[PDB]
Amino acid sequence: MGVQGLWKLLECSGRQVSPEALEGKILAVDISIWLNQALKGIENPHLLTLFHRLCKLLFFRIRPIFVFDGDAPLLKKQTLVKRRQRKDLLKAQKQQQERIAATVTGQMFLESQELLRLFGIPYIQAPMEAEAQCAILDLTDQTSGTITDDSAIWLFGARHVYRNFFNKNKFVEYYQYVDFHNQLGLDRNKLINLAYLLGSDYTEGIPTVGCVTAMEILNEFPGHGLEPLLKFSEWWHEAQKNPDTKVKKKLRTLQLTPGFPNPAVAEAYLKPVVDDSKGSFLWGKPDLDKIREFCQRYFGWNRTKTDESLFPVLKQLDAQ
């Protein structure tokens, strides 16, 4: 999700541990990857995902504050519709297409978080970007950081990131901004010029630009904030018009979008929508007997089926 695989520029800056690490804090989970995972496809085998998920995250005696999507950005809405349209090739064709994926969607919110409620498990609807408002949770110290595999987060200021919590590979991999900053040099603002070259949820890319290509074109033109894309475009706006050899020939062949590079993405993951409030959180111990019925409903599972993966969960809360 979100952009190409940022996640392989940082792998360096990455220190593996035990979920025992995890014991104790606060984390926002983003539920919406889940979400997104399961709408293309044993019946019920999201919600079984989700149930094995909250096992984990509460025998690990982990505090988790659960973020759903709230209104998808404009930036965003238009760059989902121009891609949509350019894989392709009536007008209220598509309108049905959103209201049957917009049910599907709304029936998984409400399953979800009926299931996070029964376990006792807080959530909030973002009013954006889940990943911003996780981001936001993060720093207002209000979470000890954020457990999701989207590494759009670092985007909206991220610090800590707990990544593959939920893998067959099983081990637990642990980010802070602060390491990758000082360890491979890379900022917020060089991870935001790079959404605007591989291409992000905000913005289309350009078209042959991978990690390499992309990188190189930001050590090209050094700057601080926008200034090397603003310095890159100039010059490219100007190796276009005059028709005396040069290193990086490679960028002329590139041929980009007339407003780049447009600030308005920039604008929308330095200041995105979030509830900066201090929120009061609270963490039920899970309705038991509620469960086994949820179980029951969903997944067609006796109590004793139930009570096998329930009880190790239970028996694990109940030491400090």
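Just so we're on the same page, rigid core means the largest C-alpha set that superposes within 1.5 Å between forms. Residue numbers count along the first chain shown, from 1. First, how it differs from the form deposited in another entry.
- Shift analysis on the rigid core between these two forms singles out 251 from 33, 270, 55, 251 (C-alpha displacement of 2 Å or more).
- Annotation for residue 213: C-alpha shift of 2 angstroms or more between these two forms, rigid core superposed.
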Contents of the next structure:
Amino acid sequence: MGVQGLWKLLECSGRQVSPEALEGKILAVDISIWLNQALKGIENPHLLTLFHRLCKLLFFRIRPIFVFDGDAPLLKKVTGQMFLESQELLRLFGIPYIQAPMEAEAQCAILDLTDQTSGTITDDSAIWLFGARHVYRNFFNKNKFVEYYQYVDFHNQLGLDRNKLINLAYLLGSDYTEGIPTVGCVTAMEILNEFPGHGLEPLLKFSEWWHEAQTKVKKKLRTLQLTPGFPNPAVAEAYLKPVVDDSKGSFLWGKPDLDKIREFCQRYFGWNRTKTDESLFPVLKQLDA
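Right, the form deposited in one PDB entry is done; let's see the coordinates for the form deposited in another entry.
All you get below is the one chain by itself.
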């Protein structure tokens, strides 16, 4: 997912934060990535993963907002029952959620930019291209820490802004475009620095020069194979003006309903009161405290 290689390029701006430091923070969560990750990793694994991660989030007293994907963009190349079961569990835990118009990541980004949230929990590097400022990656991985990324930090460290990120998506490949073969981070940044310009002008100049010929960086730059339509401006316009809902929300966090969560866990996982309570009671004692 995301832009090929972008996280490794942003490595220099990553921070190690511990979950306890996120107490009280309102954070958005893209649940579609969870539902796909747990789909391939047991009868209801998506719901089991969702339950354990909800317990982890509420244990650290985070106030999460789950964001579901809507209609996929045409440029972008799993069941509704899973959506419904997930929303049922979220209501049982008292977690607000929203249905994105289209891209969930773009909606998380707009919640960030409108200061309705303190950031987004996701592993999708494409959220930077939608304008995100604060991202929490690898929240549930094998490490004892979450990776934290601030836009301003890698903007200062690397000079990357939204337009340069979109051009990197053109060069490296993303959900919306295939990217140029063999081109990696070093080559793509060489291309973007060789042809300075605002907006998409770097890639327009690069395509113009590659169509023309067909300098010691141009040496290998004119060995790349470019599609006839490169670059497709629909990609940049989808990244720059994604369909989102930028209205101010009215987010409320209710209290978890212990008995209905017991019933849910019994029906979907086969758990009795005791096994469910083993997971719930630390969460509840952290909340009521």
